[PDB]
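J.: Below, each chain spelled out in residue letters.
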Amino acid sequence: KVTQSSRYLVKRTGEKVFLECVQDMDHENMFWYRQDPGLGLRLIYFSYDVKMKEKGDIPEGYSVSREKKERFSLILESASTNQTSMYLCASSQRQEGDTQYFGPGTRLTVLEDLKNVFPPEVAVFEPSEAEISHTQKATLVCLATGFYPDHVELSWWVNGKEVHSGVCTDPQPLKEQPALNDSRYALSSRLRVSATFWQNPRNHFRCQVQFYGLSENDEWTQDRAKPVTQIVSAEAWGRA
Amino acid sequence: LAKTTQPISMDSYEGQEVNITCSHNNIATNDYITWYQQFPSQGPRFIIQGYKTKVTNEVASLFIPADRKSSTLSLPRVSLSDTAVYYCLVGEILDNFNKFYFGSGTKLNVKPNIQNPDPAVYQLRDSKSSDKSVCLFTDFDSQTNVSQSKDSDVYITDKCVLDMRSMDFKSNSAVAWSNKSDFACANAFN
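Read top to bottom, the protein sequences are chains B and A.
With the authors' numbering applied, the first sequence covers 7 to 246.
With the authors' numbering applied, the second sequence covers 11 to 200.
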């Protein structure tokens with residue numbers, strides 16, 4: 007198991023940022039990469055053992071520490087917007103160095119300002135009667151709209167339990183204002199069930215959207231609610 | 011390491027064999043050929059390694075010609091879940107490992123073979139109030155192209171495949187909506 011300290015991060019330009027990679031397999035080798043569109047997976051820094059470090063292909067702007075064998079820290083002394091990325095760490099045993107086990111990934115978004123951070127609004131659209139009649143299936147659609155940055159995870163819950171069968175969520179969000187640099191985002195998902203299952207008023211359908219936003223240490227001065235990390239949902243009961 | 015060259019992207023259908031060729035003409039004596047597989051929203055994972063002879067495991071086969079200047083990853087009867095980036099890496103291994111150069115690899119897409127295409131466009135109303143609606147284009151064959159919106163106030167998603175696994179049923183769809191009421195689902199994907 008390879009752990010990363012955070013799944014999502016929102017940080018301001020100029021702030022000092024830490025990402026931790028942790029493994030308890032006593033692996034000698036640890037690695038930090040970032041992953042960007044069109045540029046693939048690029049090596050930042052690695053470490054062959056405790057207190058050892060060596061620059062990777064793109065070390066500029068980064069530093070690392072390896073005080074303990076289990077932990078490889080990635081350090082951004084002064085975050086910049088170009089460091090917005092997906093960060094992936096890995097580890098490997100010295101005698102099996104080419105077999106790298108990767109962590110789950112950390113999305114870091116660096117912003118000049120927190121003014122434009124927004125949580126999603128969420129809405130569930132009920133299945134078409136025409137679909138029900140024609141196919142005996144029923145597709146619910148969820149829209150998560152108006153969020154910024156692109157930090158959401160959408161899930162479907164039926165009668166309080168998460169479902170995966172019959173679901174498809176867009177891999178990529180759409181920009182609501184494609185010409186604007188800090189455009190808010192939208193994301194859609196579908197849940198398809200049998201028509202008779204939708205037709206039961208005892209069945210509860212929820213589209214649940216986890217947003218990774220601000221924390222208690224971030225300041226907020228606007229009248230609108232502070233866009234903290236939060237879960238926003240919309241729901242429908244079945245209908246006859 | 012030796013430099014590797016592979017296609018940027020590849021398309022396929024569920025159920026077929028997929029073959030990805032990697033070129034590495036400066037490979038040296040002590041180099042091995044390694045492939046990694048990276049699923050969406052995950053880091054890469056090791057899947058196969060070879061030297062000169064054919065290797066087969068649960069995930070793939072690796073074919074290596076006699077001159078070792080290229081190699082081919084063969085993925086069996088691919089599933090939708092095999093949509094992933096595949097990386098070809100050539101270099102020294104084990105205790106002599108130095109570093110990988112992942113590059114961008116090959117983006118493999120896997121399409122479903124829709125058994126009974128039944129294309130239709132539906133309109134769905136908001137559960138909260140039928141003030142808002144969305145359009146759903148669904149059940150079309152996998153060669154159907156869904157175009158992005160040329161209009162800034164209209165939103166059209168890429169196609170998405172859902173799997174109703176208990177019914178052995180898969181379907182394509184795309185969603186479209188607009189911040190205007192006059193928006194007609196009839197022409198939305200047209």
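Simulated from the structure, these hints should not be mistaken for lab results.
Even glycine gets a Cβ: it sits at the ideal position worked out from N, Cα and C.
Misleading hints may appear alongside valid ones.
Said to hold, decoys possible - What follows is a list of derived Cβ distance ranges for each label pair:
id, chain 1, residue 1, chain 2, residue 2, range
1, B, 230, A, 66, 57 to 65 Å
2, B, 243, A, 175, 21 to 29 Å
3, A, 152, B, 229, 44 to 52 Å
4, A, 104, B, 43, 27 to 35 Å
5, B, 201, A, 15, 31 to 39 Å
6, B, 44, A, 135, 53 to 61 Å
7, A, 128, B, 229, 46 to 54 Å
Said to hold, decoys possible - Here are the simulated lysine to any residue pairs, SDA-like style, with alpha carbons at most 20 Å apart:
id, chain 1, residue 1, chain 2, residue 2
8, A, 109, B, 156
9, B, 61, A, 164
10, A, 160, B, 61
11, B, 57, A, 109
12, B, 181, A, 11
13, A, 138, B, 45
14, A, 142, A, 199
15, A, 121, B, 175
16, A, 160, B, 176
17, A, 117, B, 178
18, A, 117, B, 45
19, B, 181, A, 164
20, B, 181, A, 170
21, A, 109, B, 170
22, B, 61, A, 11
23, B, 167, A, 176
24, B, 7, A, 52
25, A, 160, B, 186
26, A, 169, B, 111
27, A, 169, B, 160
28, A, 169, B, 179
29, B, 181, A, 111
J.: Each of the hints needs a verdict: does it hold here or not?
T.: Going down the list of hints, with the structure as the test:
Under the hint 57 to 65 Å, the C-beta atoms of residue 230 (chain B) and residue 66 (chain A), about 58 Å apart, fit the expected range. Taken as a hint, the range 21 to 29 Å holds for the pair residue 243 (chain B) and residue 175 (chain A), whose Cβ atoms sit roughly 25 Å apart. Hint check: residue 152 (chain A) to residue 229 (chain B), Cβ distance near 48 Å, so the stated range 44 to 52 Å holds. At roughly 33 Å, the beta carbons of residue 104 (chain A) and residue 43 (chain B) sit within the given window of 27 to 35 Å.
Separated by about 51 Å at the C-beta atoms, residue 201 (chain B) and residue 15 (chain A) break the suggested range of 31 to 39 Å. The beta-carbon spacing between residue 44 (chain B) and residue 135 (chain A), approximately 39 Å, falls outside the hinted interval of 53 to 61 Å. For residue 128 (chain A) paired with residue 229 (chain B), a C-beta distance near 49 Å keeps the hint of 46 to 54 Å intact. This hinted pair does not check out: residue 109 (chain A) and residue 156 (chain B) have alpha carbons roughly 32 Å apart, beyond 20 Å.
For the hint pairing residue 61 (chain B) with residue 164 (chain A), the CA-to-CA distance comes to about 46 Å; that exceeds 20 Å, so the pair is violated. A C-alpha spacing of about 44 Å is found between residue 160 (chain A) and residue 61 (chain B), which places the hinted pair above 20 Å, so the restraint is violated. Between residue 57 (chain B) and residue 109 (chain A) the alpha-carbon distance is near 18 Å, which keeps this suggested pair within the 20 Å criterion. This hinted pair does not check out: residue 181 (chain B) and residue 11 (chain A) have alpha carbons roughly 40 Å apart, beyond 20 Å.
Under the criterion of a C-alpha separation no larger than 20 Å, the hint pairing residue 138 (chain A) with residue 45 (chain B) is inconsistent with the structure, at around 42 Å. A hinted pair counts as satisfied when its Cα atoms are at most 20 Å apart, and residue 142 (chain A) with residue 199 (chain A) qualifies at roughly 18 Å. Distance check on the hinted pair: residue 121 (chain A) and residue 175 (chain B) sit about 16 Å apart at the alpha-carbon level, within 20 Å; holds. Our distance criterion of 20 Å between C-alpha atoms is met by residue 160 (chain A) and residue 176 (chain B), whose separation comes to about 19 Å.
A distance of roughly 15 Å separates the Cα atoms of residue 117 (chain A) and residue 178 (chain B); the hinted pair therefore holds under the 20 Å criterion. Between the alpha carbons of residue 117 (chain A) and residue 45 (chain B) the distance comes to roughly 13 Å, so the proposed pair stays at or under 20 Å and holds. A threshold of 20 Å between alpha carbons decides the hint, and for residue 181 (chain B) with residue 164 (chain A) the separation of about 11 Å falls inside it, so the pair holds. Proximity of residue 181 (chain B) to residue 170 (chain A) is assessed by CA-CA distance (about 18 Å); at most 20 Å being required, the pair is judged to hold.
Proposed proximity of residue 109 (chain A) and residue 170 (chain B) is contradicted: the alpha carbons are some 37 Å apart, above 20 Å. Pair hint residue 61 (chain B) plus residue 11 (chain A) holds up; C-alpha atoms about 16 Å apart against a cutoff of 20 Å. The straight-line distance between the Cα atoms of residue 167 (chain B) and residue 176 (chain A) is roughly 17 Å, inside the 20 Å bound, and the hint therefore holds. Under the criterion of a C-alpha separation no larger than 20 Å, the hint pairing residue 7 (chain B) with residue 52 (chain A) is consistent with the structure, at around 13 Å.
Between residue 160 (chain A) and residue 186 (chain B), the direct Cα distance comes to roughly 16 Å. Compliance with the 20 Å bound is thereby established for this hinted pair. For the hint pairing residue 169 (chain A) with residue 111 (chain B), the CA-to-CA distance comes to about 25 Å; that exceeds 20 Å, so the pair is violated. A C-alpha spacing of about 17 Å is found between residue 169 (chain A) and residue 160 (chain B), which places the hinted pair at or below 20 Å, so the restraint holds. Proximity of residue 169 (chain A) to residue 179 (chain B) is assessed by CA-CA distance (about 12 Å); at most 20 Å being required, the pair is judged to hold.
As the CA atoms of residue 181 (chain B) and residue 111 (chain A) are separated by approximately 32 Å, the hinted pair breaks the 20 Å bound.
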